[PDB]
Amino acid sequence: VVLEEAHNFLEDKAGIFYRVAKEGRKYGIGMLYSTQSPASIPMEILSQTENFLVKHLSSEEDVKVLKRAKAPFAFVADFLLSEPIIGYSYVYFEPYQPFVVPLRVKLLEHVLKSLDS
Amino acid sequence: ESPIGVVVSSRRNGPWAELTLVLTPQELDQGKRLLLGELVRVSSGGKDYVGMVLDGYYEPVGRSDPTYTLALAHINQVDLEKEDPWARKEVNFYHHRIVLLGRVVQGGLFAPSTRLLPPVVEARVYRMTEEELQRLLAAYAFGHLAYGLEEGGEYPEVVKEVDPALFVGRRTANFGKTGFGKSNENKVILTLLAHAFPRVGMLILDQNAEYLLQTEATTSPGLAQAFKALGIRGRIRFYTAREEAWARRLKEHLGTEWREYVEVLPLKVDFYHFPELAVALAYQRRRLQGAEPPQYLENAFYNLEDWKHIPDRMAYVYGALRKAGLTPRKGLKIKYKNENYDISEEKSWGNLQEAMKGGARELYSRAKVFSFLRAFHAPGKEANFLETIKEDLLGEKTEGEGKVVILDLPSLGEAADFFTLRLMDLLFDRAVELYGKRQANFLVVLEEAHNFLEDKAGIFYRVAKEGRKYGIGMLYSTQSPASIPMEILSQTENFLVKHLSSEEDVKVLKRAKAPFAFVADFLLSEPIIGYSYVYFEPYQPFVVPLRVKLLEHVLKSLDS
Amino acid sequence: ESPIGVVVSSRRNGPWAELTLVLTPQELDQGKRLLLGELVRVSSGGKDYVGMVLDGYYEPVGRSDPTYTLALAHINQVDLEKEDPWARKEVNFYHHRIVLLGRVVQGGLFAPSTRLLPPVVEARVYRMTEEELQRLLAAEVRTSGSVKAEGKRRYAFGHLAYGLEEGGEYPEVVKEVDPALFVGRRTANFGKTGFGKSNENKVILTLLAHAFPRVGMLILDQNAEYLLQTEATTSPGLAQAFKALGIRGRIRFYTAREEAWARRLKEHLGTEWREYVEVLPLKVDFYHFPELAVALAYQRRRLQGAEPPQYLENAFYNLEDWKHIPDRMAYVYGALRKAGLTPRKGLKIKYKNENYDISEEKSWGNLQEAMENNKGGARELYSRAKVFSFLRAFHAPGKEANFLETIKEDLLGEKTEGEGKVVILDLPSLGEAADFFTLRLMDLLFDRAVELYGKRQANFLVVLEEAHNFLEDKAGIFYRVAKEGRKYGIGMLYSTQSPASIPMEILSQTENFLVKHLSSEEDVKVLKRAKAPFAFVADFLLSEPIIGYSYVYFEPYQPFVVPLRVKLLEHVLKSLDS
Amino acid sequence: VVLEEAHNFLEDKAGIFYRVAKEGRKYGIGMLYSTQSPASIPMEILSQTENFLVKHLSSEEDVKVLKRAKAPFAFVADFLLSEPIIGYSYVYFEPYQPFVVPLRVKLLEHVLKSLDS
DNA sequence: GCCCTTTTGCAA
DNA sequence: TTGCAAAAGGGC
Ligand SMILES: Nc1ncnc2c1ncn2[C@@H]1O[C@H](COP(=O)(O)OP(=O)(O)NP(=O)(O)O)[C@@H](O)[C@H]1O
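Protein chains in written order, with PDB author numbering: chain A, 470 to 586; chain F, 3 to 141, 157 to 373, 383 to 586; chain E, 3 to 375, 382 to 586; chain D, 470 to 586.
Treat the hints as calculated values from the structure; they're not laboratory data.
A hint or two may mislead.
Think about it this way: if two alpha-carbon atoms lie no more than 35 angstroms apart in a straight line, the pair counts; the simulated DSBU-like pairs of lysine-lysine are [unchecked claim]: (1) F:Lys-352 x E:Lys-394; (2) E:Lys-582 x F:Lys-495; (3) F:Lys-495 x E:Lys-533; (4) A:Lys-491 x F:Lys-575; (5) F:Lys-354 x E:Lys-352; (6) F:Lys-533 x A:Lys-482; (7) F:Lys-354 x E:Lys-383; (8) F:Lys-536 x A:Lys-533; (9) D:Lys-582 x E:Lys-491; (10) E:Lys-268 x F:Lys-463; (11) A:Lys-491 x F:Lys-268; (12) E:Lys-495 x D:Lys-533; (13) D:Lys-536 x E:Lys-491; (14) D:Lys-491 x E:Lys-482; (15) E:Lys-491 x F:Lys-491; (16) F:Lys-423 x E:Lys-268; (17) F:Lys-533 x E:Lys-347; (18) F:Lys-364 x F:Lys-407; (19) F:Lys-491 x E:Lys-347; (20) F:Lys-383 x E:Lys-347; (21) D:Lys-536 x E:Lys-482; (22) E:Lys-491 x D:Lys-539; (23) E:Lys-575 x F:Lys-463; (24) E:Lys-91 x F:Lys-482; (25) F:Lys-463 x A:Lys-495; (26) F:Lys-383 x E:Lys-407; (27) F:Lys-482 x A:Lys-482; (28) E:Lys-194 x D:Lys-491.
Could you put together the complete structure from these sequences and hints?
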């Protein structure tokens, strides 16, 4: 389930999306949401996220919330605050790679050109 | 059996006493070490305590400059273990900090903390042996002590056992992140209980269709398969609204003799046989809602028994039921006035309606209030699943038989919440009635507990508050301590916590239980699958890490 | 009779004055020690104070490197008890921190805190003996230069203790309490469940019963733990305690399982228990109290709000007049019968000039015929008698009790003035209407108490359980009672198990406290905020789950908090029996 | 106007007694209210009271409100918290009093026996 | 969520 | 014609 601007959807009465997020693991129902600001996502859903892909975040509350929701993300808060670089992402994947790694994501045009062969 | 290090300080840090430990270079070279979170024995004035290793740091001892010494050795490129032992022997020290949890007294009772602070000169620290650890835990293995994934910090011979005194009559909590072993631990406990103590009844409010049959490689096998492997016969009662499909699945998995292990029952009843049940359900639905059920509904509920003897009133009631939508079986007769109609046919129903009082007429007029009952109606059942479950759990004939009741809540659809609330209220009322004659002696398995323990007026809340008196236990899993009220969290007696990522969860846990303040860092930092921090009251009022076992291995070991 | 150590400092920390104490190696080798929370005597400049050990830490004294010395001694397996006396003496020390709470001046008067900071050289710290401890516990605040009251008799409550530590109990040191402290004053009894709350409540009630035989009690028994020993322990109940004390005809048990309760009372007390406990029903007969039935039906609407129906209003206001018109009383009784209440066998109703026995089906049918073939609101009531449907749960023929009125008579009866009855309400027998009946009874009792002002005081104590449930509502009758009972001589004694839920007004205005182990941090924090003297025992309460350990503090003239090991009801009964 | 237990009548910001406390100085109407708990009295009334006679208080919240209302009581908050003495009072009569003076208020008997000379 | 309105139907 | 019960949409 892919949903951009997930701050809109991750809120309702009876929480259909809360149920999906908190019980989709058993049935192979995965989510991939982009919110653009960690402070806008409820902690009840943030604490259940296994993977992470964080680009530059300017605000301080955003990085504080990110660290609070995921412990290992306390070692890159300063880099996120001080280095506004496009395409630079810190990828975290549990439980196979339980630590933060920086990356240079590839442009879609380059990916297509490389994969055409 | 010699002291690990030398105590060189002590103080009263807040509500807990503490003391510092030092490991000398000779011991460090021998290979001795202490793992964080380890349990050690402290001797002071002839009394043994129980301490936990909390912190560790390096600090110079004596008049030395370790930085300069080591930097100069590196610059000169001298091996520090073969060339300059006298320089390696003055920088190889290391400090530990230890907290005293308390001492065991009399018959295993745990005296908490301590009002006495030990002097440095006469305090010793000995490593704890397997016999001492086994005594500590004891006063059908559920999990063996382990300290993280560090090799040499695992003790397969030290286990925690399952005993009804721990679970039945007391509330248990089961937290953790999604996919870390809550369901597996629940199934392990249930299987061990059903195999060891066959006089303990259960009530599993299944919500994901995982506790009876499970074949997908995303969870441990189901209770049906576990019972089949362990050779437990005629103890499972399955209540579902998909009799045929579940019979197909049981046939295809348990084999051709599946009827011995699992007994399938439907969640449908014919309301033309229990009009009192229909009226009671309709009346209870609104009370579980806002409040103040209508006067006509109250009157019908109270006086249907008297109405039973008046065929005209009963004809009005049956007409109301038929007008609500419920389908009667072929060949039904109604005695109105002096005539016997057949409401199963169009013309007979029309004639009776044209032909048609103390309270029955108002019910007939407002027949749309019984529409919701069509989610349970199935002509020709005459079962009363509520009563049947009541006899299965609190029946007087049992006096110890063992009965596992599983409810297929998803099959109901949108009536599952109301059905669960009504069933729980009925069971609690019967248990209260039975007080002084026999104990209920059964356990209520509850998953996704945050849905039920929210409102303070809920029947589940009242059960959590008052079940121990009548012998009704509980065991609920929620994935997040922050979702349960502090009123319940404080009163919960047992805990089983897996990895937790949010700082709010750990803060809530330590606020609810003080002893859980020493494991917050481990919980936050280590995402290990199957690692549990158990805390049982009142015999073991301290946190002990465990290594829960897989259901498959439990079965394979118990077979012998 | 000699100092325990040498004082090496002093200062004023916050509102209290503290002084540091150091224990020498010779004293540490004689077994001398101090337990946190212990009470010690401080003598500074010819005056005696009261101390309380607050902390303990190790610190080097002089010029020495204890870490290096001890490490070197250890690596050589040197035993520092009989091999290196100089090494042992150079490092064997230990520091303690003490706080002065005040001094006992004049004849038992207590002067809180101190304005003089004691010099280090002249300050001596001694250990306190049993007689000194008793005289300290027997002191309280007084105005000035005034002789002691020399009040009424006192009864032992417990003995001092310092936790589970051996040598920390002083059985000969007993806190004596005058039961008058519990009369007309609201008391709080906090603590986890099953930690002695029931025992201390029973002891308090027994003391009041024995001392003031002119005080009644309204015990809202939620757990059915106050009448007889539960089938979970052996501690006697109130009935057994009263039998032992020889108090007769002071209990009145209202219940709905009279047969079972009488069976239990017989099996536990003998055959003469009728001389002690009067079992009374909780079920009313609305065929004797149509005024009560109409009042309930009418007030149900108002309690749910909205304007009540006019016919119900005028019926409720004029039933008394209607009682003189049988032609309308017949309508009322017929309305009740249609509602469904089963009448007693042989009831006769006189309509017009005919006699009908509505207990018979055919006679009821004939009466229906006569009534159907506008006398005030009677016809309207008969038409809408379906409103009285909900009363079938409260109805039982042949009762003629009206417990709601019997309780008021018992508790505020002029002819009953003296030897207050101990009304015990068995709530669990009322199902889901228990809260409704409790609120109604409390409201009608408080109204009568306020009305009787000037002529006589109510003079009875209310016992409450789960007080956080009833004191949460600021407009509730129970909140009003908590606020204003002392004015009309109505006390209170509520056990909550969670102080944080009880309002700060109630917490601040409470006079007595009996705190047991608390598990949450919020509860301890709110307790400290409510009362200053509880600022020293927060850590002990947080991290010492001991059964039977209580910290007592009785306002307003008690110097400090006292940790007690409350006596058992059996021993209290034996002591009083002499 | 002599009012006893004024926290019952001054609580409501629309009551006649609150109105009197707030507006009586214009029509020459005084007031003298005893509460025993400054926490309950509204801060609007507390900030506008001229005379004070504070005895032992056993609530850090009460002492906090008193200190907030009047700065000079910061030198005696500690003694107020820690010393339960009978007949001992701290008096501060605004607006021209330098500091707070502790007193042993004279007994009415002595006042009467001295007023006749 | 909470609190009034409008409407229909069955008394009278 | 009026009063009262019971269900469903509006405003705040
Ligand atoms: N002790 C264990 N050892 C090894 N694998 C385990 C252990 N406990 C659980 N697992 C595995 O972890 C996965 C999740 O199992 P499961 O018990 O369903 O966790 P869960 O907590 O119930 N998931 P959820 O209901 O969302 O919280 C499965 O693949 C299990 O086989």
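How the hints compare with the structure:
Restraint check for F:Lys-352 and E:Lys-394: the C-alpha separation of about 26 angstroms stays at or below 35 angstroms, so the hint holds. A threshold of 35 angstroms between alpha carbons decides the hint, and for E:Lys-582 with F:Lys-495 the separation of about 30 angstroms falls inside it, so the pair holds. A distance of roughly 30 angstroms separates the Cα atoms of F:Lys-495 and E:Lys-533; the hinted pair therefore holds under the 35 angstroms criterion. Distance check on the hinted pair: A:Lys-491 and F:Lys-575 sit about 24 angstroms apart at the alpha-carbon level, within 35 angstroms; holds.
At most 35 angstroms may separate the alpha-carbon atoms for a hinted pair to count; F:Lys-354 and E:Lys-352 meet this at roughly 32 angstroms. Restraint check for F:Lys-533 and A:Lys-482: the C-alpha separation of about 27 angstroms stays at or below 35 angstroms, so the hint holds. With a CA separation close to 34 angstroms, the supplied pair F:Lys-354 and E:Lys-383 stays within the 35 angstroms bound. A C-alpha spacing of about 21 angstroms is found between F:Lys-536 and A:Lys-533, which places the hinted pair at or below 35 angstroms, so the restraint holds.
With a C-alpha separation of about 39 angstroms, the suggested pairing of D:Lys-582 with E:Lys-491 is violated against the 35 angstroms cut-off. A hinted pair counts as satisfied when its Cα atoms are at most 35 angstroms apart, and E:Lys-268 with F:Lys-463 qualifies at roughly 18 angstroms. Taking the CA atoms of A:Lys-491 and F:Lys-268, the gap is about 32 angstroms. The hint holds against a cut of 35 angstroms. At roughly 29 angstroms between alpha-carbon atoms, E:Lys-495 and D:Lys-533 fall within 35 angstroms of each other, so this suggested pair holds.
Simply put, D:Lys-536 and E:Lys-491 have alpha-carbon atoms about 27 angstroms apart, close enough for the 35 angstroms limit, and the pair holds. A C-alpha spacing of about 26 angstroms is found between D:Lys-491 and E:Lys-482, which places the hinted pair at or below 35 angstroms, so the restraint holds. Restraint check: the Cα-Cα separation between E:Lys-491 and F:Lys-491 comes to about 28 angstroms, which is no more than 35 angstroms; the hinted pair holds. At most 35 angstroms may separate the alpha-carbon atoms for a hinted pair to count; F:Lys-423 and E:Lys-268 meet this at roughly 30 angstroms.
Of the supplied pair hints, the one linking F:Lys-533 and E:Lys-347 is violated, its CA atoms being roughly 66 angstroms apart against a limit of 35 angstroms. For the suggested pair F:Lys-364 and F:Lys-407, the alpha carbons sit about 26 angstroms apart, so the restraint of at most 35 angstroms is met. The hinted pair formed by F:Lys-491 and E:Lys-347 fails the criterion: a straight-line CA distance of about 43 angstroms is larger than 35 angstroms. Of the supplied pair hints, the one linking F:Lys-383 and E:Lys-347 holds, its CA atoms being roughly 25 angstroms apart against a limit of 35 angstroms.
Between D:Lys-536 and E:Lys-482, the direct Cα distance comes to roughly 28 angstroms. Compliance with the 35 angstroms bound is thereby established for this hinted pair. Under the criterion of a C-alpha separation no larger than 35 angstroms, the hint pairing E:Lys-491 with D:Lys-539 is consistent with the structure, at around 29 angstroms. Our distance criterion of 35 angstroms between C-alpha atoms is met by E:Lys-575 and F:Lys-463, whose separation comes to about 33 angstroms. Taken as a hint, the E:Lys-91 and F:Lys-482 pair is broken in the structure, with Cα atoms around 62 angstroms apart against an allowance of 35 angstroms.
For the proposed pair F:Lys-463 and A:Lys-495, the alpha carbon gap of about 43 angstroms is over 35 angstroms, so the pair is violated. For the proposed pair F:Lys-383 and E:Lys-407, the alpha carbon gap of about 31 angstroms is at most 35 angstroms, so the pair holds. Only pairs whose Cα atoms come within 35 angstroms are accepted, and F:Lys-482 paired with A:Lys-482 is accepted, the gap being roughly 19 angstroms. Pair hint E:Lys-194 plus D:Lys-491 does not hold up; C-alpha atoms about 46 angstroms apart against a cutoff of 35 angstroms.
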